[PDB]
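Visitor: Given next are the chains, with one letter for each unit.
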Amino acid sequence: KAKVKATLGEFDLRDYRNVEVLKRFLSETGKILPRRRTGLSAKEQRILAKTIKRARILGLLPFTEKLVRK
Amino acid sequence: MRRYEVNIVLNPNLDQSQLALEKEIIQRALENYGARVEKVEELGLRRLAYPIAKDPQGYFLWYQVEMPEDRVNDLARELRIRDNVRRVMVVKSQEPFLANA
Amino acid sequence: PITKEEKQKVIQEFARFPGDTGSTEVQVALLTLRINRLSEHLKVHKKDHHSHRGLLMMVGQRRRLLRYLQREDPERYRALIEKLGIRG
Amino acid sequence: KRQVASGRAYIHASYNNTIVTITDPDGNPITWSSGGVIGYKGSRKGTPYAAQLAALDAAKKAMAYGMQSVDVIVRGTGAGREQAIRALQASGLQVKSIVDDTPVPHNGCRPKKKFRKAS
RNA sequence: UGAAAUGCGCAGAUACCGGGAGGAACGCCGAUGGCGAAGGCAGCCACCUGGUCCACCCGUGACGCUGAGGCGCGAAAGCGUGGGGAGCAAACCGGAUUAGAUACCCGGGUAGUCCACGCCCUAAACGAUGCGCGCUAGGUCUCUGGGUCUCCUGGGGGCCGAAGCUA
Ligand SMILES: NC[C@@H]1O[C@H](O[C@H]2[C@@H](O)[C@H](O[C@@H]3[C@@H](O)[C@H](N)C[C@H](N)[C@H]3O[C@H]3O[C@H](CO)[C@@H](O)[C@H](O)[C@H]3N)O[C@@H]2CO)[C@H](N)[C@@H](O)[C@@H]1O
Ligand SMILES: [Mg+2]
Ligand SMILES: [Mg+2]
Ligand SMILES: [Mg+2]
Ligand SMILES: [Mg+2]
Ligand SMILES: [Mg+2]
Ligand SMILES: [Mg+2]
Ligand SMILES: [Mg+2]
Ligand SMILES: [Mg+2]
Ligand SMILES: [Mg+2]
Ligand SMILES: [Mg+2]
Ligand SMILES: [Mg+2]
Ligand SMILES: [Mg+2]
Ligand SMILES: [Mg+2]
Numbered sequence: 019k020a021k022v023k024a025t026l027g028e029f030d031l032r033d034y035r036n037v038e039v040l041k042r043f044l045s046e047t048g049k050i051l052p053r054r055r056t057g058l059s060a061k062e063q064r065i066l067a068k069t070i071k072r073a074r075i076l077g078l079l080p081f082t083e084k085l086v087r088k
Numbered sequence: 001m002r003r004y005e006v007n008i009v010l011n012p013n014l015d016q017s018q019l020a021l022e023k024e025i026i027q028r029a030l031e032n033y034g035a036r037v038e039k040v041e042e043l044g045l046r047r048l049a050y051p052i053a054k055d056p057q058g059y060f061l062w063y064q065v066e067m068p069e070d071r072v073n074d075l076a077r078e079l080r081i082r083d084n085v086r087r088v089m090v091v092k093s094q095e096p097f098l099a100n101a
Numbered sequence: 002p003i004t005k006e007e008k009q010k011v012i013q014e015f016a017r018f019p020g021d022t023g024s025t026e027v028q029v030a031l032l033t034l035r036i037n038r039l040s041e042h043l044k045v046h047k048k049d050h051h052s053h054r055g056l057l058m059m060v061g062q063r064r065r066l067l068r069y070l071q072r073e074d075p076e077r078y079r080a081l082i083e084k085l086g087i088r089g
Numbered sequence: 011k012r013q014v015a016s017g018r019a020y021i022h023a024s025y026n027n028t029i030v031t032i033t034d035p036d037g038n039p040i041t042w043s044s045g046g047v048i049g050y051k052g053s054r055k056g057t058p059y060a061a062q063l064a065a066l067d068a069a070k071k072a073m074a075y076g077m078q079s080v081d082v083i084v085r086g087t088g089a090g091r092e093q094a095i096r097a098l099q100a101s102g103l104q105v106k107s108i109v110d111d112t113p114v115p116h117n118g119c120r121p122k123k124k125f126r127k128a129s
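Residue numbers (the deposited numbering), protein chains in the order written: chain R, 19 to 88; chain F, 1 to 101; chain O, 2 to 89; chain K, 11 to 129.
Rather than coming from a laboratory, the hints here were simulated on the basis of the structure. Certain hints may be false.
Which residues of chain F face chain R? A few of them, derived with a C-beta cut under 8 Å, are [stated by the list, open to error]:
#1 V9
#2 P96
#3 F97
#4 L98
#5 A99
All residues carry an ideal CB built from backbone N, CA and C; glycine is no exception.
All chains should be modelled from the sequences, with the hints used to inform the complete structure.
Guide: And the structure:
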């Protein structure tokens, strides 16, 4: 569909507290989205996943969700 | 000293009595390990993505700090002895990598 | 680690003249520094075999430099190794 | 027995059987059925038709407790699955939501030989 | 499970919710990707630590390459001592299948798989390709530096291919 990167302005993707931003990079099942979807550079996507994994331990982001209407 | 970032998550059902007592048991430990405290933040209450310690929310501290590296694990050990202290995550500071200019 | 104040101090402390950053005497000096940090680290971390290779390379490269020196200037050789305490 | 007007339908599709269990909205089971509880035994419990009948049986037993609507929650892939769902929907019993909640390791325990195959 | 049976279940199993213990492994990210000399390395954090790339062209002044032997590393399985043991599982105990079935399938299950220390030193340890250096068209995709950032210039991973080589 349309890339998640393209729907945002600047943002520090080292920022493991900005759950508002971070959360659009997760799927409806709280799974880290692949680059095909996130629209990221390899290097960026590496840094992302790292800080997504931080948010998660902080309690700020989900490790999982359940799929609604299936 | 390296520059670090100390996230603490607290029990969301506290009152000035303990909350403020915790916050200084913290200051004592931070100080007692050599932690100068630059910036500090406190968004405080917030909705967790999954329950921590049976409870659906958490109270969020965040401290920027400079301090001696040979102790930073020791400090972290001390912080979580406490019971209303639920998550401690000490993290090296980092230049903000940004995206989309 | 080895911070550049620590390191600069070791370059001054040797260095034939002001500005000598390369050269046998300095190079051996720096290597001797790291070898010692890294010998210290493995005294505890017996299992850290990967690091231990690093050591072998450093050691050989140092031994290689000193071979060179002792051949060119047998004096400032005896001076260097005495000043650092080694290779006996 | 008690009157509960809505609660959960928990479908457990597996390649060997669908088992449908119905509960109050706190998760305590009211009734339950399976391919075995219907006539079937052995390989036939696996069928989608077995699924329909169990879904329907367990929905009937549940309307005996005056059940009106359910939150559906599916787990496992299995022949009977969308069939078990389609049953509930068309059973009188009203289906508020449907939710896949199939449990999955964040790779953890070694599988049995049969389920390693992806090795 | 092809179909079954052994097996577990009215000492109440299965499915469902709540609490607790433990062991082991880290899903998405994840790649045609990265790192390491090889073996090999994957949740997150901190400390300790090895390698390596680019820019400046500042320093030393051939200090280089290779390397019998030596020394060290060396997947799995295996061994010793002591822990640990959730799941999996040689052997083994059963159920099927079969003409038979010391197997393939199902149900159990010990060593082991896990940790520490000490052994073992093997492999389709494979790129089945010794290390180092110079030289000889390009095109295309990718990881990672620098620039005057359309394009240029390093380092690394692929694909097609000049000259040439090859049974
Ligand atoms: N995950 C921990 C790390 O693993 C390494 O080794 C340690 C651990 O992995 C290893 O296992 C620990 C053990 O500490 C402890 N006594 C029992 C505990 N169950 C184990 O836990 C750990 O290993 C197992 C392996 O799956 C799992 O629990 C989990 O992956 C991990 N938490 O034992 C080692 C020390 O007891 C490194 N030594 C170190 O970086 C750190 O302990
Ligand atoms: Mg069956
Ligand atoms: Mg439970
Ligand atoms: Mg390999
Ligand atoms: Mg020069
Ligand atoms: Mg000169
Ligand atoms: Mg070995
Ligand atoms: Mg082994
Ligand atoms: Mg043993
Ligand atoms: Mg048998
Ligand atoms: Mg078996
Ligand atoms: Mg078993
Ligand atoms: Mg090749
Ligand atoms: Mg190239």
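Visitor: Report holds or violated for the interface hint on F/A99, using the least CB-CB distance to chain R and a cut-off of 8 Å.
Guide: holds (6 Å)
Visitor: Let's test the interface hint: is any C-beta of chain R closer than 8 Å to that of F/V9?
Guide: holds (6 Å)
Visitor: Holds or violated: is the Cβ of F/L98 closer than 8 Å to a Cβ in chain R?
Guide: holds (5 Å)
Visitor: Please check whether F/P96 passes as an interface residue: C-beta within 8 Å of a C-beta belonging to chain R.
Guide: It holds, given that the least Cβ distance between F/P96 and chain R is near 4 Å, below 8 Å.
Visitor: A closest beta-carbon separation below 8 Å is what the hint needs, so does F/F97 meet it against chain R?
Guide: For F/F97, the interface hint holds, since the closest Cβ of chain R sits about 5 Å away, which is under 8 Å.
Checked against the numbered hints given earlier, the structure satisfies every one of them.
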